[PDB]
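Q: What follows is each chain in one-letter form.
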Amino acid sequence: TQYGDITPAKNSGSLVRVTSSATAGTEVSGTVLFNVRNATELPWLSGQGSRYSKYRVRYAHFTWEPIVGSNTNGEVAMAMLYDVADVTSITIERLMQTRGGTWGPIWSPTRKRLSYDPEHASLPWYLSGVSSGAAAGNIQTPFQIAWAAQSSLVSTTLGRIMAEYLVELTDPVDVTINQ
Amino acid sequence: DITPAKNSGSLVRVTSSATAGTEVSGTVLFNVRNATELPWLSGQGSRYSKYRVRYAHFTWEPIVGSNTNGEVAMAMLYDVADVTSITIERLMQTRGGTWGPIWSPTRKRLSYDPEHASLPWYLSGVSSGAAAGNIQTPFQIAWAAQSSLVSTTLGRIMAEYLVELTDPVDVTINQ
Amino acid sequence: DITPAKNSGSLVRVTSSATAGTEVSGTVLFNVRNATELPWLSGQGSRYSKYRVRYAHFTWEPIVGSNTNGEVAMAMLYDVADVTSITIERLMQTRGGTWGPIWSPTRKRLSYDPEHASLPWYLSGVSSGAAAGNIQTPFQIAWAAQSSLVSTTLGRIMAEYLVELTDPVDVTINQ
Amino acid sequence: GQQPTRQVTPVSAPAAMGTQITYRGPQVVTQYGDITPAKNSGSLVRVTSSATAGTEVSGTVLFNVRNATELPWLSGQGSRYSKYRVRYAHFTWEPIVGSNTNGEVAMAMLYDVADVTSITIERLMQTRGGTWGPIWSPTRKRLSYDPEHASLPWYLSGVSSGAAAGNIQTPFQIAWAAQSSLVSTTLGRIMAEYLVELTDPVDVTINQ
Amino acid sequence: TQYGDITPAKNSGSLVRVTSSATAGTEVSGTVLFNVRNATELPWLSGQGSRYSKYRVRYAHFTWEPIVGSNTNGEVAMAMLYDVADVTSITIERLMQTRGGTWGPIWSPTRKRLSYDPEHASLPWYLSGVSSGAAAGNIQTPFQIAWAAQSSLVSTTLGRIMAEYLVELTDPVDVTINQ
Amino acid sequence: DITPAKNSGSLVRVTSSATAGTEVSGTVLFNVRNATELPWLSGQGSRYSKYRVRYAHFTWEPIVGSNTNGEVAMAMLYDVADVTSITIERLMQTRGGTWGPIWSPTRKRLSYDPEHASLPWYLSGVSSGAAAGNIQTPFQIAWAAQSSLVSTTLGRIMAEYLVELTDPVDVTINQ
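Protein chains in written order, with the UniProt record's numbering: chain Z, 57 to 235; chain P, 61 to 235; chain H, 61 to 235; chain S, 28 to 235; chain V, 57 to 235; chain X, 61 to 235.
None of these hints come from the bench; they were simulated from the model.
Please note: incorrect hints may appear among the correct ones.
Computed list of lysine-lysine pairs in DSBU-like fashion (alpha-carbon distance at most 30 Å, straight line) [what the hints assert, rightly or not]: (1) Z/66 - S/168; (2) X/168 - H/168; (3) H/66 - P/168.
Using the sequences and the hints given, assemble the complete structure.
A: As structure tokens, then:
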């Protein structure tokens, strides 16, 4: 197969901004879908997912980016999920029991990054689509990043979750038709 | 253990718009259980659990004279969901886009790219729904055409394929 | 570190002159940020600082019947400044000139010559001006056509390319 | 028996992190060809907090042999040569604040003298060269120039006003953005070590 | 790439006629752009620049051609510039400090010729154009020849500046469109 | 020391006879100083003393629809003197004869045979006379055409060449 058939998208960026609960010390959870179509958290990537039919993730590393001082009193955790249907009960003690679970103090930048395991992809090429539904979801997104944090600080942004990746897109499509 | 089904056939017959010059668009699902456009193949799909496409080539087949005006276009889609907003200009910027005058037999052909199958073996099923559809259909052919003629049949979209089927199943159960 | 964007698309749609037999000319800038004629590509150009063209092939796409009179012509220009005095006879004596009856799909194609790029990597920018333009655009397609028909759309100018982009940039900043 | 179940890593933060820097002097040498390598280092920008707490502050720097504002030393060299090119250039963040402080910083590379608006942290993070981190800590990964992708084999030592003229005289720019709970306080500086090759001498008076 | 794609233009010719100031002993300056489009000083070359899109200079040597006797009292100087914007303050003492600067007595034909340095070209292929402006200028012309002379003689032509070159043109264009 | 000038262009535009079906004939001198049909080249010929043709290919370029009647023909002549009695039937029995329906782009092309140049290097001159002409022109293209249409322009005769020039000369002197 010739050159060009696969287009690599290598870049990084802020996945999400993690901000504390309005009630001091209350865990805050979240789940982020890794898509070429998640325009909210993967803008740069989304602008391309939209113009290609299929895609696959070559590699993706996630890390915690703190933006609060050393005296802050919080904790953070991340793990990788592979079922779009898994969206509840995201607690810290649970992420610490699921694949890649990384926990640490709020002020500390992640040392041992969390990474995608491609050799276990549920399928060769995922679809650049938006069809709602659990099944449809798992066929359009390879994995998700579950996270949970907590802090005595009230309604303050603690930091972000960074992502350094490289994904390959294939089969160009018209932005409009492709939706 | 793996059976190859090699054949060809007419997928669809394209008819001019009621309003001259206006575009007519469409989309065809490529699978072993598409009785409407891939009849011959359906007789096979009906008796095997899984399958995958080895190769598939699509072309334009004219019925009109070289004088007729208008043009055709085709491209490949890989999502049962996308079936709207199809137009020549758009198909032209889509994977595999072929085109040309309506009276002329397509030069370059539209071919399937197995290297990027979303999955090794697709299901010979008929379940409804977007997902259920993407699991049963490797791809679809999007097409659009327009002609100065009115409500006349311009031509057909042709298909030449080789499909590998596997895991035989009683036709009645498999549905 | 270098991303290839391979695709095709319709650049322009050429329409007959108000005065039959009279020539209609035009010029298309080839770059990653040309939303008008290279839409699909623009979505890429918008998110990369630099780029360069690996290969690009242009052709004539007829919409009219083989009976129609007139002819088309294309050539490559390498200066955003030159946009006047374009005529068939002239394009024919310009680098890469292709031509032929209006109803006929171009035989030989117009191809890009990277061996002579004015520079290694062009900027994905939108600044106005001749210079700023030559720094952002590797070349343009000049075309001219004439037909016995009146104010009718003759055909489209097609493009097939492979572009290598580099140095990603946030879409908002890059403008 | 089996392998470990987890991996523990001790982490710690000091009251304040920083860096002392002693200037050793610029390095210049004439060589065969017309080539003459200029090597130097220093402060690029003095990054100071927004008057409105928590608000983002930003900006960009042109890498020029004739940018008397931020690269004064380099200007002296630029004024005497006609052309040049960058061998390497690395930029880095240096904190003046205690680890107690809140905020973050980020920087990346741009290649069009015209792109100088809408600079923000979240946006620099998705731009090539993106580096970032809590404001109080020196930047681990540095920002380096990529000369293999230069648009010009040799850039010009000129000062013409255009946007194009600017891109013909500048190989790249440093975008940066930061925010902090502190108000109108100088957060830190962006340092730079680089090496450029000047060529084709010219009387300074004329080179303008 | 095949034969013919690049057309070599090898020749020489008079660049400029250097004539003295109306006021005895006053330095006279000048700048000459090396273009396939400078019809005033590079006629032979210009007639081709006009019919090609791009071009590059393989080599170019400049020399002083005196046409006044040994008893004449003057001096001449040349140097090479690479910024079209550099056009003022052209004095002899300054050319003698810029690249290739050659100075000598008026009656004496240049011995050590001044030459273009291609390995330092700002760009691979220059444009055969005329768009005014500094930037546009530097993209259409690779370099210029700055010169200055002076002599007790009044308003008399001292000599010429010769040029022996070889430039390669590429991408034919219609003479009219190309402007 | 030897410069190659590679390009193409329109030589002549052929127009139908006043009397339908009647033949229209013509002949084009191929040289570096033919401002009328080889303009671009003239700008080169004007500044070189000698030259020789590396390769030259001529073709028919239609402007009419596939319905139009009539035919075209071309052949190569090697004597400035011969310009009379040109007719299709005759060109067909002459070296390099190409032909075909008027609306159809020539299949086989007319090519120059350098192996038999009457001389190594031809002069870039403009002197009048048969001899003076044969010394300055390596060959000419004879053509003839006829069509059912009346006084309409049928098409153009195209040329693609590579010419080697030598011994530069000031344009003014060289004439």
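Q: If a hint holds in the structure, say so; if it doesn't, say that too.
A: Here is how each hint holds up against the structure:
At most 30 Å may separate the alpha-carbon atoms for a hinted pair to count; residue 66 of chain Z and residue 168 of chain S meet this at roughly 17 Å. For the hint linking residue 168 of chain X to residue 168 of chain H, the alpha-carbon distance of about 15 Å falls within 30 Å, and the restraint holds. Simply put, residue 66 of chain H and residue 168 of chain P have alpha-carbon atoms about 17 Å apart, close enough for the 30 Å limit, and the pair holds.
Of the hints listed earlier, there is not a single one the structure fails to meet.
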